[PDB]
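**Q** The chain contents come next:
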Amino acid sequence: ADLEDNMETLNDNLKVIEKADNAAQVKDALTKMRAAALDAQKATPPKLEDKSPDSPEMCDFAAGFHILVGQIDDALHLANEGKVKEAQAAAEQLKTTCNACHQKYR
Amino acid sequence: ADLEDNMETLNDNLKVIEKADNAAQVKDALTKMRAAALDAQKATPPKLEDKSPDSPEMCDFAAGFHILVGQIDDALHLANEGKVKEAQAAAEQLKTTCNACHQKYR
Amino acid sequence: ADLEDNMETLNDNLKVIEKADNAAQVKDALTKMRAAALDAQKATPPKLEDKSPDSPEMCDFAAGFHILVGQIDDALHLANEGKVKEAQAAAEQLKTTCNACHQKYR
Ligand code: HEM
Ligand code: HEM
Ligand code: HEM
Ligand SMILES: CC(=O)Nc1cc2cccnc2c2ncccc12
Ligand SMILES: CC(=O)Nc1cc2cccnc2c2ncccc12
Ligand SMILES: CC(=O)Nc1cc2cccnc2c2ncccc12
Ligand code: NI
Ligand code: NI
Ligand code: NI
Ligand code: NI
Ligand code: NI
Ligand code: NI
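Residue numbers (the entry's author numbering), protein chains in the order written: chain C, 1 to 106; chain B, 1 to 106; chain A, 1 to 106.
The set of hints was computed from the structure by calculation and includes no laboratory data.
Be careful, since some hints might not be right.
Identical copies carry no separate label here, and so any pair may be met within one copy or between two of them.
Stated by the list, open to error - Each computed DSS-like pair below joins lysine-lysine, with the alpha-carbon atoms no more than 27 Å apart:
id : residue 1 : residue 2
1  : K83       : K104
2  : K19       : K47
3  : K19       : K104
4  : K19       : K83
5  : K42       : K104
Next up, chain C with everything else stripped away, as it sits in the complex:
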């Protein structure tokens, strides 16, 4: 999907995590987010359209999704053990990564 569609998936699903009751719900939402971050990593953002793929910008752009995925995995690990509240508090910490890339490239 488009960079746009993937970001939607990230955004809506972060909302789903915040108001989840059980860990299955957090797990499912974290799994959809993981898929969409891997896919958003393949897109060229409008701001970078002039840059070759080995430039520091493009590489730092793909690095942003490497971190986010790493963080989603942490939250996934917690959801899998039924630890709902620490998995939610793990997902909160994704935002810093979201905002930071947006400061740079959005």
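Got chain C sorted already, so can you dock chains B and A with the ligands onto it with the hints?
**A** Coordinates of chains B and A with the ligands only, in the frame set by chain C:
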């Protein structure tokens, strides 16, 4: 499989490697060990049950199977080249990675 | 496929790229090259037959294909955006990595 079962798999097949006649026997046994190592890496050990996935402890545990798997691959390469005695020796060097992790987490 | 077959493939498609009209041909060629590099990374070159899979030499051999594959990925990206001329320029810089390996290990 869980941790205990996986460690049994590691142990028994290391013993097969010691007794092995040909490269095929070694190769087969290393493959099983590879898979058991990758499976055990997914588990939380009892000593670390209370630990965050982000822990220095959980990461150093996960890393121990990363070292182990890389060593298996070294031994796997030699088994593939028909080199039994050098595959056998490569597997004897696994032992130290066994011992270091058990010292911390067993 | 042995080393020779994979290198033949590497050589052939590099030419295809050089005389190509459009991005599709370049992309098709680069996709065949990538498969060949990954497959050649599995081979023990005749010069390093005695060498341990642990060797600085063997490790350095594997690393060469890692660089080649990354450079092919750079070139794939460009052909995908439909930037023929600049994908071709990216493919021209591959020869650096071909030659450096040949001087050592061929
Ligand atoms: C879970 C964390 C994230 C959330 C909730 C999120 C959410 C969003 C939302 C709602 C948009 C606007 C969608 C639109 O109006 O089309 C957006 C756009 C964007 N995001 Fe994120 N995002 C996250 C992570 C990231 C990261 C880590 C990066 C950097 C690699 C990134 C890069 C971008 C870019 C470049 C745009 C602009 C899209 C465009 O205008 O074409 N996002 N994001
Ligand atoms: C090939 C090398 C290895 C061998 C031969 C080996 C063998 C064993 C054996 C025989 C046990 C007996 C306990 C049981 O029956 O469950 C065991 C347990 C255990 N092993 Fe290993 N192991 C190896 C590598 C590792 C590594 C690298 C780690 C850590 C990264 C590790 C972590 C553990 C832990 C945490 C236990 C105790 C689990 C529990 O309390 O249920 N092992 N292993
Ligand atoms: C696109 C880049 C490359 C091209 C076009 C290329 C091309 C070739 C060609 C045409 C041969 C001779 C085949 C024959 O025997 O007739 C060859 C041999 C060889 N190349 Fe490459 N090569 C490339 C990259 C590499 C890399 C990255 C490495 C190692 C990291 C490497 C290592 C070798 C070795 C070891 C041989 C000797 C094969 C043998 O004697 O059996 N090459 N190469
Ligand atoms: C250093 C890095 O990750 N660069 C790249 C960054 C990229 C960012 C978005 C889309 N593609 C790429 C890309 N594609 C092929 C090769 C490299 C890249
Ligand atoms: C740094 C690291 O490897 N941490 C982890 C360590 C882990 C150790 C056992 C089981 N799972 C994990 C884990 N799971 C998801 C995300 C991270 C980890
Ligand atoms: C660092 C590295 O990639 N060394 C190796 C380099 C290799 C080069 C050709 C074929 N196999 C290997 C290999 N196989 C198993 C384990 C390690 C290697
Ligand atoms: Ni897509
Ligand atoms: Ni985990
Ligand atoms: Ni299991
Ligand atoms: Ni190998
Ligand atoms: Ni082959
Ligand atoms: Ni790309």
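**Q** Decide, hint by hint, whether the structure agrees.
**A** Going through the hints against the structure:
1. Taking identical chains as interchangeable, the C-alpha atoms of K83 and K104 lie at most 27 Å apart only when they sit on different chains, with a minimum of 25 Å there against 33 Å within one chain.
2. With identical chains, the CA atoms of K19 and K47 are never at most 27 Å apart, being 33 Å at best within one copy and 32 Å at best between copies.
3. Taking the shortest Cα distances, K19 and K104 never come within 27 Å of each other, neither inside one copy (29 Å) nor across copies (38 Å).
4. In this assembly of identical chains, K19 and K83 lie within 27 Å of each other by CA distance solely inside one copy; the values are 14 Å within and 45 Å between copies.
5. For a Cα distance limit of 27 Å, the shortest separation of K42 from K104 inside one copy, 17 Å, qualifies, whereas the shortest one across copies, 35 Å, does not.
Of the numbered hints given earlier, the model fails hints 2, 3; all others are met.
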